[PDB]
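Here's a solo chain for you in structure tokens, the form deposited without this ligand.
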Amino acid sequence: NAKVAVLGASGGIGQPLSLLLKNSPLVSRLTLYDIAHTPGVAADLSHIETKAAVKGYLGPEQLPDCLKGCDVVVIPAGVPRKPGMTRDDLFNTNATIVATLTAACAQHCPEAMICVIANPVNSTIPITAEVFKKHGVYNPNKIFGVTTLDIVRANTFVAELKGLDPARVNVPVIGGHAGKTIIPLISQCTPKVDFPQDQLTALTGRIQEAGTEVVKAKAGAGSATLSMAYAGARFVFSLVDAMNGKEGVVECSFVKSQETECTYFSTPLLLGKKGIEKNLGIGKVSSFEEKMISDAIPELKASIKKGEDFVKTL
């Protein structure tokens, strides 16, 4: 009976993500928010033969109604990358979008789980946390930077190389969601896979630049939308299952962390009724992986500080 709000529901990620949420038996209310086209999207989705009651909200003054009583808020809202761009090129747009939307959450559903998809996640999660702090409703266990697409890609690519079914493969991916901050722990993969170093390096790079590959392939028509909707759905389903009492629910996510010198970090998380039940940490890693962690730290801390300073100067 979860009520889930989707902020940015009319966008490229928003529309398919809303479809996947509408199709789920875990959702009973699905409220949709955007600044255009939301009523047509809700009308469209409300015809689908599932129990979730759908409502489309349009414009800032309707945002409180969309958020009230929400258990989960997903935020796919944001401008997508075009060819050549870094995710940080979209910092200024998406930071103001994330700060505005998360401020509305802090006021109107402070208790809800906040799942941020909007990039750069390495900065937008710090932004979300600081905004909740300013409203005095800060709960580190309920703020999630959705990195699930990195895990999803890692599983697919390992499966392809080893001729496995991607559904049966699980690769923990830690760090953050940008370039070399994306650290796939192939040493912790289930099933165990043995790659020689040249293939491991090629596989790791592929995972790290996978978003850029899609941007390139779309040749100006944006970034990952459909696979991001899949990954976004997956994480929200994991979270809702855990909120309903399902045990042993583990997902990697970029959260307020105590695992490294970074105040924010993605690790495997045991999920439960109050969000993060336990941070499972990095665990045992190879020299290759340890070296990637070390090299990721400066960029992560820089991205965190940029997110923090953006909010603190509002």
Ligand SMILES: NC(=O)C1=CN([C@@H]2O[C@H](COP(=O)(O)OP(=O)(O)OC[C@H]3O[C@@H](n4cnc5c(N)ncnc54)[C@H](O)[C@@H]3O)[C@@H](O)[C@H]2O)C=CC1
Contents of the next structure:
There are 4 protein chains.
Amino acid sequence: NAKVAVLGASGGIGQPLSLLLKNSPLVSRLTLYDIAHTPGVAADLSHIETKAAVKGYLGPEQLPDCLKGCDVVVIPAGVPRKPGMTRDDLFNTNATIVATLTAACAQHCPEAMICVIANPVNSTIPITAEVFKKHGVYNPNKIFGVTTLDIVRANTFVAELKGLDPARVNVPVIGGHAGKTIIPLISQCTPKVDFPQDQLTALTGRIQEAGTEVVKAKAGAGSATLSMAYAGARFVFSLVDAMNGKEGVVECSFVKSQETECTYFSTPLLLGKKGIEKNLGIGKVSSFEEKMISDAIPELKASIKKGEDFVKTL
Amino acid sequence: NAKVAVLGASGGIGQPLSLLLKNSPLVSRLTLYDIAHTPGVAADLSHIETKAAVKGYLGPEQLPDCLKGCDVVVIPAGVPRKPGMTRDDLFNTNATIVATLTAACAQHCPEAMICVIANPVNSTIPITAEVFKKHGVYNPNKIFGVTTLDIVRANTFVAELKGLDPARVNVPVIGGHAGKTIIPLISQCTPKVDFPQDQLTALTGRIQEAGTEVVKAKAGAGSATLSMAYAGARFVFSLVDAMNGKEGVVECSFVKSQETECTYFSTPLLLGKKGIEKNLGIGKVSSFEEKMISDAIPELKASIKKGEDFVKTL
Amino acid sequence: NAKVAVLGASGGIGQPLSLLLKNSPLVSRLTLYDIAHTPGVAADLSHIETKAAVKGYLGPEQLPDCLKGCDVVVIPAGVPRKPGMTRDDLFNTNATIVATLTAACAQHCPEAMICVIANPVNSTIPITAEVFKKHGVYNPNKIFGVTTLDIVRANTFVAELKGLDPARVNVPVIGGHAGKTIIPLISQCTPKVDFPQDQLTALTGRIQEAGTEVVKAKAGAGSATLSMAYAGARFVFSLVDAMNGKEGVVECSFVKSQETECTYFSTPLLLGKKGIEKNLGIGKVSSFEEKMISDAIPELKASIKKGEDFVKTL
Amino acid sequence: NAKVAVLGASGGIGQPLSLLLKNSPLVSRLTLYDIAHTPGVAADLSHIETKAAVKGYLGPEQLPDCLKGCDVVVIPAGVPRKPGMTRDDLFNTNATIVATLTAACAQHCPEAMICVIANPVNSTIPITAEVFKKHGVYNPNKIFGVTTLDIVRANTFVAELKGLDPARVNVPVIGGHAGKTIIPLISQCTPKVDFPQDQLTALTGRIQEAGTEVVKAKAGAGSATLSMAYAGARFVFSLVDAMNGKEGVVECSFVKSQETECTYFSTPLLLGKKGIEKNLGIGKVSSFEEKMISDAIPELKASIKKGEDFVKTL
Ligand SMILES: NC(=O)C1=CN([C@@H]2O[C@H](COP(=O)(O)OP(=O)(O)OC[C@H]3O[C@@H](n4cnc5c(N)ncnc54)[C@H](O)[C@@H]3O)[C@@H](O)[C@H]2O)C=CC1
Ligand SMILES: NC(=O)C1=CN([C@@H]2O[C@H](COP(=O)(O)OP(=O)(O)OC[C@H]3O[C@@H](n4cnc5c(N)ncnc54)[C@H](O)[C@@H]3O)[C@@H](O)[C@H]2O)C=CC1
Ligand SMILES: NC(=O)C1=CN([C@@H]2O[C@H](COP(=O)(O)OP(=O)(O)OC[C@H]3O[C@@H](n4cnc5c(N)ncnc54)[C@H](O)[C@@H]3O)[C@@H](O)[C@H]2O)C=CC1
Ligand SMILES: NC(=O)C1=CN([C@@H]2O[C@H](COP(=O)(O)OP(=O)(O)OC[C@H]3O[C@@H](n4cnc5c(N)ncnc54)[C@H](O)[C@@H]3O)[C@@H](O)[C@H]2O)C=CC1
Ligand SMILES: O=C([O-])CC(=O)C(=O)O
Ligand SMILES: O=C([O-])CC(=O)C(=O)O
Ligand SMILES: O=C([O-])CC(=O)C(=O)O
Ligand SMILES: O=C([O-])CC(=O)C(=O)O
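Same protein, the form solved in complex with this ligand this time rather than the form deposited without this ligand?
Okay, now the whole complex, with that chain kicking things off.
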């Protein structure tokens, strides 16, 4: 019974994301927006033999019609990295894109859940929050910075190393979504896994730099797209299941947080009909993980401020 | 336990196709091949938290390693249509691509199911079979021209018209995969549907020009990609199920046929452990449908001969 | 002070062609048309320090404006070959394009010189003509099939073999613009050059399949663009000098001709103030060249007919 | 008789750049280099009827042979801006490229004139200089940051406002190549022009942000390509004319400088057979212009520092 909109639906991420969404019996209405190529993408997906009615929308003039009556909005719209770039080098470009798109959501679907994929998530969620404030519709329980791909990677890597089924592995990942702000809580991993500090340090670095590993392997042809489409769909499915009253649905996401001195932080979250039902916090951690959290906060605060500062200048 | 190869994995069809395969618990190994970009696509997909081991291969030297030990090979490689073009206009381009890649399959995984997506299917399948004949390993029960998207479209359109759930609609589609060679047997639809003639005619034509409809909408950005990924994945899963012993798996597909005077033809096929268990044939059709079959045989024969001739001229 | 229009200006040929035209003191107004990207291209060129004013038009609504008051119109618009394709494979797409564009030329700038680059030239010129006849403004002295790249190539290939300065070389080339219809009259080359038969065969072969050797080297990335931008510019410059009144300006081009039983043919044309001043005809040829002319007529006649018969279906 | 190398020859700038170079009798050998597509660009150009011997090279393995015996090396190789990006957001990506290409130049053609187009120019020239210093072959008279397009834009806008022929206009532009650092000395224009302060500030603004405007106009399709090919060809031509002993050849360019407290700076340059013959200096400037210089200096210093610091990390 759910209506989902994808803003940036024509991109590397947008298209496979929209495919996974079209395939799902959770979605009953799928609206697709972009500045380019949307009608062709929409006609393509509309042929798939599932119940979701698909409709494409092109240009800022048609953005309002797209957002009308939306339960959930996902935002891959944005520019991806090239080899060498940091996530921060994309800031100027993506800030503008996010501000414009979130404003429309604020005006035309303020009760919707907003899932921002565009980078850097550490700054673009603050932008989304303030933009919603500036239109007087802010609800911190419905704005999500999608960090799911970090969890998905953590699970895959730990599964590979221990020879486990990655469907049975669950690694909480907290903090933010860039470099050393990504903190894998291997001590909270289910099932429990024992590593020497040797491997545990590499495993942590592997998770932190996984996004850059992929950018290097694509040699200028973009960043993670297919895996991100999987993670983005997974998060939307969790969210939509929770909104149908499924119980015990937990996902980590970058949101408005009380858990630290940082006003935005990613922790595991109990999702429900409200959006965020309850924030489960950092919980019990190892010294090594405590350390990483302390180091990450400086950088996190800078990125949050940078986002709030940008909204002031509109 | 299925080991699947995708040849043309970096393209518009191949990337999302590879994603759907990677997500499936039916696939235990996913080997990807292309002449460009493959290692980035594999890196990206390798991070998804499912059991299938992903491996990328690039260039002719690496093709035999992609194909070794494979149960199924999907071949979406090939040049897509631009607006105005027929599928036949791609022939000279794609004939060489398909001949080369099928020669490699015949050499390195002769016992695999070979699923050709590359257009024009009405000609590229005959090419595939003649290549396997020159290598002395032609098994006509394992070579499939993937027509599944024509069935997926038919199901969607019928359901849209009658207000049904498309998951519950099943339209056999026969003949070939180009214009008037696409023959949707609406009279054999489950559930039985009755349409006034004017609606039945418009529906039948819409199914036939569905691909051309998507090319127009995309305005030179290519042909159907996301829905073709859906259709090819569906077909591969059907094949794998049947290989795992599942009973009553029926899919339409353009194969070696003696149902009409055409050497190749698409009809419903019961699949089993060794590919085609039984060609279920045309069955009983309406006169309208009888007329489209008569009208399609000339074009089909020409396209078959065209393909056979290409392998002759070598 | 010639007013030139480039239809298809955002393309691989269209862009560098537009650069060469912008760079010329002959051009006072450069109007650029395409269905995509034309505003960015126009803005780009408008920064160049030449006097030509640049204006960019987008989509068929703005096509009339683009052609208003034009003296010469260049049509590189169309779709390029991929490896393996013949020029004939592009017929369906490009015939529709040329017919649509030349229809507006005929409506909005009937007096202008019309230079068609879009392949297959052997068919697209007849189309242009039959479209102009249909609007009752056909002037056979103003419609040119741009065969210049053949000449340019021939000059270069002769000069590499005789170690000559290609600037001083002039080989006339007659017939059409596809495979065996391209007839390089080496016997009429200035300066005079003597080759044994085997070298004369291989040289002529090289000239005929040069387009295809470039399509192979580009390996999917399209056909000749830069050298066709050069050849196109040269012809437009030649044409314009004559319109200003320069005496003795001769360029080979594929036009309505009565030299052979083929109703369209390429020969050296003396250009003047009203288009073609005088068709200079074949002239003196060798035995080898008479063999090639006679062998070529059947293929030209067919391509001429395909083009003519296409306009009837409109 | 000059032997020019183009690194990044397959790009949007590189291809038209390479064309203009091939069209000049000043060039005897044009070696083209890229990581992709160069063979097909080379073949395309090799057909043009001018004397330049064209040769394609592909991948870091062939780079050394591209550079042997070269007189001028031009480096447009790099990533262009998207809308909203500053030239400096490209630093991390383009620094690595420039450092690697210039490293090869230092080993294989240390005596050649090095013309860097890659952005951000304010930092890439320092990178080149320091890479050349590491290999003990630094000559500050031979390393140029192509600011030429800034001058070409200044000429054009001034010529539009005063109804002049832009070919008879020269505005010196000084400082650097990014935002406020671009300082067009309108007071030193020839022929003399004077604008009211309100028109003068707007003109100055238009020149400073001209590159960003073309990016805006292209809506994500890249940055200025054709005009940059013009500006870069112009510069190489000036540099080759002077190398042949021509006199009175003056071009602005960002080079090693002591005209200000900036260690690198752009001012008009007298060019001769050793490269830089004489720095002509800033000259007499208005209050408005002197103020812009003062404001600019801290930004240039930072950009220069950024580049130097990068090479210390290798
Ligand atoms: N949070 C995460 O885990 C990850 C985030 N990303 C981010 O996702 C973003 C998108 O990545 P890709 O899809 O690969 O890039 P892409 O370049 O392939 O596509 C971007 C899409 O955004 C669209 N777009 C740009 N401006 C728009 C606007 N104003 N309105 C609507 N659409 C607009 C473009 O038309 C294009 O279709 C990037 O910023 C990337 O950094 C990527 C991977 C993971
Ligand atoms: N049977 C059907 O129902 C349908 C068939 N198609 C066909 O699928 C083919 C691919 O379409 P798209 O993926 O959209 O095109 P695309 O251009 O996006 O991708 C083509 C892929 O084939 C690869 N390729 C080209 N030559 C190759 C070679 N020699 N060896 C290995 N790979 C090679 C390219 O590198 C690229 O990865 C086309 O022929 C298209 O007409 C498309 C839709 C439906
Ligand atoms: N006669 C000759 O010697 C040569 C002819 N050609 C031909 O030139 C044509 C174009 O080649 P490229 O520029 O390389 O192709 P391209 O694909 O790079 O660009 C073609 C341009 O035409 C435009 N276009 C497509 N449909 C249009 C329409 N309906 N109305 C207006 N514009 C439209 C496209 O948007 C694009 O800007 C091809 O047919 C190619 O075969 C190429 C080389 C030599
Ligand atoms: N100084 C100026 O006035 C201007 C500078 N630019 C700069 O020019 C540069 C190139 O721009 P475009 O050609 O339009 O972009 P593009 O993407 O069209 O060109 C990229 C080219 O660089 C090549 N490349 C990338 N890495 C390479 C490497 N490691 N080795 C060899 N080639 C490599 C690519 O293969 C491609 O051929 C950009 O940095 C852009 O910001 C653009 C306009 C004006
Ligand atoms: O690295 C990028 O640009 C995209 C990203 O966040 C990831 O892949 O995790
Ligand atoms: O039309 C194309 O090129 C692809 C195709 O076969 C379809 O969409 O049915
Ligand atoms: O091959 C093509 O499409 C373009 C052509 O006619 C040539 O390059 O001579
Ligand atoms: O803006 C860019 O990226 C290229 C540039 O420097 C210009 O056009 O002046």
